[PDB]
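Asker: Below, each chain spelled out in residue letters.
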Amino acid sequence: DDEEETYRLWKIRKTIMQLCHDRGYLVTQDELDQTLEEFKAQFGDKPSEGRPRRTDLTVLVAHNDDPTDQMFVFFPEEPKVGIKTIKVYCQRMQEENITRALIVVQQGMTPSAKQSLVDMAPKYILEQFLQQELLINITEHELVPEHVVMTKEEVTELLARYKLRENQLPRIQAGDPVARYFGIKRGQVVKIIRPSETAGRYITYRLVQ
Amino acid sequence: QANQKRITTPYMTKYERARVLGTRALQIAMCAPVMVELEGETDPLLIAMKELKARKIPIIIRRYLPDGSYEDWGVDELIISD
Amino acid sequence: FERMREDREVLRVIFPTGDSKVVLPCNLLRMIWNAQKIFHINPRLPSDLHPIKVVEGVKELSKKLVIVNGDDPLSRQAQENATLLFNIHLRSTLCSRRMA
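Protein chains in written order, with the entry's author numbering: chain E, 2 to 210; chain F, 46 to 127; chain A, 956 to 1055.
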């Protein structure tokens, strides 16, 4: 009832740290591999009482290439998140002049809140995640190969090399678990490196849609 | 496309060979001039085949690329494998 | 030897199971046997093949097998990954020690 909640919170934090590290954000090695005991000593083992409360788990990291390019990770306490909570976090971001954020919901999200995640897209690029899908890092799976987000320069060179247009490359849905994990949007190209029993290594490139 | 830098394979494909022998055989059947010797060859197929082995076929293969460009490879520039 | 040790680990990550059976274009063991019979090689007499010629020959051959044409790093990376499994089976079969 309680030891499992703290275990889940720890596992989610570890996965989030791995996710931010994979997106290119500055994450220290200590917090990247934090044991359950270290987490209980830094945060607690009493989430039912409120120690630690989900509001304490808020993370704030900065990009390796740009220090001002920060990103938020919020853990709401209500199972079903409403529009008011999004307004709170959006205002929080406005106050702290941050543009990118993550909402790790417990049960799910209301329709109006999802639409609120779509209308403020050019101003605040904020995403949503379910704690049930964050308890495991999908990139460590054997079926999931190594994905790498390409830069506009690398894509221009790719398209100029094979002499093809963007609509000709294979596609990947923006709602794909890996696409959501790496936080990629339409127009971006993701480079996949997978092992092959015929050539050893195969590099493919997928366009997001 | 710049003929100085042709990216296609230097070998003649099985399909290119098939169509080359076929079209050249048709030409010979229409009384076209022969380039090589004909000691005992009349059947246009055997004549076109000896011409391929001799590498004396006056045909250019226009290999179309997906982008829309093309590379003109002559039968003498390609390496016959079979 | 170091290059073959790196390739050894590359195969360990490619083939996590102990299944060395692989499909490749050219059978090196039969070609080697054919050369043994074509030139009447005596396995009991010393060889006149310098191991440096073996290493240099394998590197030049690996450069002649071109699945992807282009000197740019993107093409060189694709070429290096396409002929990878073959170049590994080649360097492991045409090794200077095995050839000696």
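Treat the hints as calculated values from the structure; they're not laboratory data.
Treat the hints with care, as some may be off.
[As the list claims (entries may be wrong)] Derived pair list, reagent style EDC-like, types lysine to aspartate or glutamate, alpha-carbon separation capped at 16 Å:
| # | chain 1 | residue 1 | chain 2 | residue 2 |
| --- | --- | --- | --- | --- |
| 1 | E | 164 | F | 116 |
| 2 | A | 976 | E | 198 |
| 3 | F | 50 | A | 1027 |
| 4 | E | 12 | E | 39 |
| 5 | E | 164 | F | 112 |
[What the hints assert, rightly or not] Covered stretches of chain A (in silico footprint by chain E; criterion: 3 or more residues with CB under 8 Å from a CB of chain E, positions within the stretch not fixed):
| # | region |
| --- | --- |
| 6 | 968-979 |
| 7 | 1026-1033 |
Here a beta-carbon is modelled for each residue, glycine too, at the ideal position from N, C-alpha and C.
Asker: Are residue 164 of chain E and residue 112 of chain F close enough, with their CA atoms no more than 16 Å apart?
Answerer: The given pair, whose Cα atoms are some 6 Å apart, holds under the 16 Å limit.
Asker: Taken at face value, is the distance from the CA of residue 1027 of chain A to the CA of residue 50 of chain F at most 16 Å?
Answerer: At roughly 14 Å apart (the allowed maximum being 16 Å), residue 1027 of chain A and residue 50 of chain F satisfy the hint.
Asker: Mind taking a look at whether chain E covers the region 968-979 of chain A? Criterion is 3 or more residues with CB to CB distance under 8 Å.
Answerer: Coverage by chain E holds here, the residue count being 5 at a Cβ distance below 8 Å.
Asker: So if I understand the rule, the pair passes when the alpha-carbon distance is 16 Å or less; does residue 976 of chain A with residue 198 of chain E pass?
Answerer: OK: residue 976 of chain A and residue 198 of chain E at ~10 Å, within 16 Å.
Asker: Establish whether the coverage given for the region 1026-1033 of chain A by chain E is satisfied; the threshold is a Cβ-Cβ distance below 8 Å, and no fewer than three residues must meet it.
Answerer: Check passed, 5 qualifying residues.
Asker: Would the pair residue 12 of chain E and residue 39 of chain E pass a check requiring their Cα atoms to be no farther apart than 16 Å?
Answerer: 12 Å, holds
Asker: Could you grab the alpha-carbon distance between residue 164 of chain E and residue 116 of chain F and see if it respects the 16 Å cut-off?
Answerer: 15 Å, holds
Checked against the numbered hints listed earlier, the structure breaks none of them; every hint is satisfied.
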